[PDB]
Amino acid sequence: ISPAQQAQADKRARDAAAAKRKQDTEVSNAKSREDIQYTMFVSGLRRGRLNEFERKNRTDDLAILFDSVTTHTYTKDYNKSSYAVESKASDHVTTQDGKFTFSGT
Amino acid sequence: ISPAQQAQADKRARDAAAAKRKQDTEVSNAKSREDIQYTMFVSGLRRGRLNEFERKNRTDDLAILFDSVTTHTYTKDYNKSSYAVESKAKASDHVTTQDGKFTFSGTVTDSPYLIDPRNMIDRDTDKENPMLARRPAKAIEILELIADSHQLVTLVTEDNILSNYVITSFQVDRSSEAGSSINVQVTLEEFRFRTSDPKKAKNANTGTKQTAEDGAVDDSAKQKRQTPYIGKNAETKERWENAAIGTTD
Amino acid sequence: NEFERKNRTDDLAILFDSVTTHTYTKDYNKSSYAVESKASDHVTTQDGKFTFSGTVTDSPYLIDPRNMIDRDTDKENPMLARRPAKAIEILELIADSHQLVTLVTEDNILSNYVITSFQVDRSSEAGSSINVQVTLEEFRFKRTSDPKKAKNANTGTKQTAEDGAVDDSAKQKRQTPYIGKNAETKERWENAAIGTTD
Amino acid sequence: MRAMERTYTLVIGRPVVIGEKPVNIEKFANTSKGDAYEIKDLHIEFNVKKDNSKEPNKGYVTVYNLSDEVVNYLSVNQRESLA
Amino acid sequence: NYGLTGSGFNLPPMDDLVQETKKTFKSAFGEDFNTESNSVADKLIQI
Amino acid sequence: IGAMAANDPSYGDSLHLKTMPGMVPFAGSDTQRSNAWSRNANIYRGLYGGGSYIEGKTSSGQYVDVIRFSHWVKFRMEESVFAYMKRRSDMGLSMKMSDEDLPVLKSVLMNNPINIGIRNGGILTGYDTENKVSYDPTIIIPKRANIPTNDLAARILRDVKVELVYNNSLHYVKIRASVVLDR
Amino acid sequence: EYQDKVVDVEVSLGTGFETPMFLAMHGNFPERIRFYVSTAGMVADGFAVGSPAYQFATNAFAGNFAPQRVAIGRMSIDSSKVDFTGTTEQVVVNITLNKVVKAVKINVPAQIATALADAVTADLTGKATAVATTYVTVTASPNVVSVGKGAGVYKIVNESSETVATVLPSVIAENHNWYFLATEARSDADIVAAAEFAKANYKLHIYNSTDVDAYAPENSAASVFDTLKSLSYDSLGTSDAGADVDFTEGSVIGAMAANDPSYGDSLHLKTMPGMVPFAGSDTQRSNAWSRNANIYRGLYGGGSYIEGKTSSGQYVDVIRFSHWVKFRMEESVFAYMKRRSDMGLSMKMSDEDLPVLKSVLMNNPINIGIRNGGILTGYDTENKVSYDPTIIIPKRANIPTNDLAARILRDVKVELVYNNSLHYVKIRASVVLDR
Amino acid sequence: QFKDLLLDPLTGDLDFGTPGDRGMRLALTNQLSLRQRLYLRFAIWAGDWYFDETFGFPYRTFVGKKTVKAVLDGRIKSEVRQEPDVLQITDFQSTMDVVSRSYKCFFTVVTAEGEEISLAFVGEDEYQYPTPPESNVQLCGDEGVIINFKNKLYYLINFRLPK
Amino acid sequence: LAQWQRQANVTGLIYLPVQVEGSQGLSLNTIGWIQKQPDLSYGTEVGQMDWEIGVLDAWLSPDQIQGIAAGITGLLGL
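Protein chains in written order, with PDB author numbering: chain de, 8 to 94, 97 to 114; chain dd, 8 to 200, 210 to 265; chain eL, 58 to 94, 97 to 201, 210 to 265; chain eX, 1 to 83; chain eS, 4 to 50; chain eE, 272 to 454; chain dY, 3 to 17, 24 to 96, 99 to 118, 124 to 138, 141 to 150, 152 to 158, 160 to 454; chain d7, 4 to 166; chain db, 81 to 158.
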């Protein structure tokens, strides 16, 4: 080894460490302010949803539009006891969280 | 068996043992050099990212280019907890972020078109006789060295730049479908986290420490011999250490 | 360059009539939890795998005798030699004995690889031939010896060794009669100094 | 060329009888027939803990698909302490 | 340890002597002295 | 003789560094060995940690393994062509100089001698990047419009030509290096 | 030849385009040009440490892109001087008869000047002579004598009856595998003569000048830089205090040599070892900038070059590219004509063979430029023009009959666009608040 | 910085030195150490050194056999990189002659230079402990304080008068 | 072409320049290679062999055609 490399390992550590300070800092402030509200427009737009699209400003109610959306699906789930109930005991059911997925470009 | 067969048996032990020494020592050399960084140029080279390819000097900053990259993908994931309520429904609680994964597929051909010497694969490749230069072979022993030494790789993609990624697996297929080339696939994940000025250093710890193993007192435990002195400045040392230090007896 | 080094008694070599594909792969794993920070030791290396597919046919095109498959194959009637049966007999013995095989490939050379599984079949198509698949994995392996290389060893606690003049009594076996090559010198001393098991 | 493979042996002897002198389990290995019941090539799982305390060191063992004769020899001696 | 003791005469292996003399050489020229495989001093000392 | 006998000539096995049991090392100094080398007088030498032959150079100058190969080519080419002429002449259909049957010799010669040479590594094949010439064997046969009438009376075919390239082994290696330091 | 070992291993050392040529004053060898790979070889040739040529060679080999092999030109010496117009130990190094390394010492300017002359006479005095006049002259007899600076503030000044304008036509004849041109004389007449020669032979001229007029007020045109600017000469001039004594020309050459011209690597902000920062104020630097006199400046937390602007005005990296295009285009077309004429099928002006030049030119020079980033390509949105190279060839129906008699093809045209680097950046912002 | 006995690059014997300073020397500069570390590594045939069967180069594999130039170059170029202080390999001119059956390659290796960490084991010391005074100088003063003042006065008298 | 194919297979160099200068039509200038060897067919008449040559870039260039630069700027679009 030689001092020339010690002046090189520091560069490798310094620049790499600088990356977290950029990415890690941005998320910190993004969570430190709850005023901003993000929204997404999947289809919908031209069938009268423009009524609320025009409400979105450029500082608080940010909106996102994709160049194209191919498919989107929505689904919910429920579960029930698999054993015969004692009898009305209609409380033997629970509601799960609904899922939503879509593909775009 | 026969006395001659003993020589044959000895060859197995030597050649097999010698093989791992070359692999093991080379890996040991890695993880010891900290002034070396590896970067892979998956894409974007011909669009903007040419600025980063010029900064690498073939000595301590190295670039990995591929003759062709068929596809690459990037997928981050998150986890969401959920607890039940007496209203026969489910609510939600804090969420977590699960690092991130990256994969890509590429090919190295034994008949290259763009032989750029700046690429670290083409360090020794002959300009005018490519197929005998063994490009497909030359890429395996360099890709494997990076992975098995646990290097922290940096990926320069056209869309974005990723850092602190560790290779997890890779494949090499010489199928008869193409031939004269190797199909390569790789996967990576985000490994999300002495010298130097005394000013910046803070209080460290080392825990309990036993007697140093490089000097006397261990020999008395290991039952060995103390190293004789080299005589210089005799009659000045011996009077003092023998009185102020003594001997282990 | 190295194929010609192989003789017919020690460094046996195997060549298949055709190899269609071969693949080589390695794996690594890392902690799935954020590290405490450099703590680059949170990774481990797995054993590399190697697999390939081949074929052995009743109508070979090359019958180079150096191949151990063709040890004693007839030159003019390859199909009566029953070559596919010759290959299987060789294959099971290598796998069963757990030999550390060495693979010579296009790019690199691999050593200390053991066979973990192989498959053989004779489908309706490609009759008069057999398709073969093999799988291998690395082996991280770690007397008459030179006293200069010897190192202190251990054998733990030991008992009476082998069926001797004393172990025979334990198993109630009758003492082995002594062959009378000489019964004048040892006899007066053997019983007086060593005694008898009783 | 070989691999590095495991090996083991398990031996069963006569019942242990305490007398008026130090006990050595070595001398009880031989059975009335002479050679003891040795078991070599059968899948075996065992766990043996040892310590420096009052309690004795105890070890556990499991054997699969034993021959009926050996099991019969242990159905007998169930009142006794085989070495 | 291996010479004359209170219980007769013993025998040292080769490796212990090699390590002892290599330690002596290390002390002679500091911890930086090379003594393995490629050193001419290694070839002299082992022989 | 014990080192060359049981070894097919087509492999091109050099005799450079083989060990000969029974022989004793040559004790002459470096100057003596250089003198004998100019004589083409090979010497058995006790090498670094061993003893082995030096070089298979004949009195004329050519390496010995070449000479065996040249003889081996002569024998097999001669028997193969003859063995085919007999078959044709033994079916009543003897070969004729009709210019429609001569070309068949392309397959006969390429079959027995030439191909067996390539599969054994004796004969080279491929292309050369600096001389720009290929190593593939070539065969040329004369047509009936060139055979002099004197030969037709004697029923002789002459002036057939063949080309081969031999695979040379390695005998010496000489490294050169220089440890320059950065500034 | 007979080889007495099956293996012979030798471990040893040592061994627009790169090689520069330094035109020096000396007599250590008879030839006009010699090549060296390290300063060590020059010492073996009797070059005294601190001598002009030695300073240039050591500086050129120390750069980040040092040339592989420097070249030394020879112009005769008649006398040499040691000037003591500044003083505090004033060690000086003399080498005579190629072996006599007599490092004269003196300590404390007439006293030191006369004292140094006295010390030399005390020597071998039977082979060299000295005389004080502030400066002291040193003269050889037929013996190689080398004088170089060891310490102190004095500076060596060699003098010769021969003229640079006449030697240069001589050195070129011996060999011409050298691209950079540098001279020791550094007089106004000598520098200008060297600049003119570099033009006709397509060489790059470099010179460092100590003139204080370089950064004088722009209205004052008295420095060399003004003369070259008027004559529209291309020569990478610059101002430095170490231009003498140390001959920092090697440092600049050390940054460009090992770098292919096709990459378009600018010299804007590169660091030159050996040079010293320019200490003039802001107004002085602005003055020198108008002169096209580049300066090495100690920057924020560092020190680096400023700009590669030649005397004419164009950036230096362009000039190397233009020369590099000239050379490769010329050899490539010729290399193809020979092949055709060497197969018996020489090229003809038949209008059926001329078009082939589209592939020949696009092959060797042009494409290699694009893959290296030297040449631009694409489209322009505001000028609406494309950057693709174009090539046009005349048809047989336009070549005058005079050319056909002489067998000459003229008026071929090519077009290129160069990729410009970045040199300055100027942010502008305004923090307006909502209401 | 690996220290070891110096080997003469010209003869191969130990570098006892010139006739004027005959003795023994240690390899100190990293260049010299690396030179001999490569020389020994390449000169010892694989397996021929007792006490270490894995050291050396396997020349027997190539010499005497029909071999491919490309394979040999890889092994030659690989053995070099086993040293932990090798920066890179600059150029490699591998050529083979078929008439004489000789093979000869050229290449160079680049290595940096390090510091000495400690001088305790080598020769000298870097400190400048003081010198005891002489005679009654300590308790009564020193004359040099007068000489320096006299010289300053004389030089100042010299300065003012133009010369 | 057959000799070139054999040489390329032996060594590895497969890329050679290809240029087509059309008359009153579009032209081409790129780097090509030999893709697939045609099939011979010895019959009564003289046969035809069709070589497939693959080319890197296949954008046709107006080049000789004049009055194209002015026309390109004439097109409107948004």
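Take these hints with a grain of salt, some might be off.
Which chain dd residues stay away from chain db? Per the calculated CB distances, all over 12 Å, these [stated by the list, open to error]:
#, residue
1, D117
2, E135
3, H157
Each pair of labels, with its calculated beta carbon distance range [claimed, not checked]:
#, chain 1, residue 1, chain 2, residue 2, range
4, dd, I149, de, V34, 31 to 37 Å
5, eS, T8, eL, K218, 33 to 39 Å
6, dd, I8, eL, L169, 26 to 32 Å
7, dd, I8, eX, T7, 35 to 41 Å
Please keep in mind that the hints were generated in silico from the structure rather than gathered at the bench.
C-beta atoms are modelled at their ideal positions from N, C-alpha and C, and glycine is treated no differently.
**Prompt:** What are the numbers of the hints the structure violates, in ascending order?
**Reply:** 1, 2, 5 and 7
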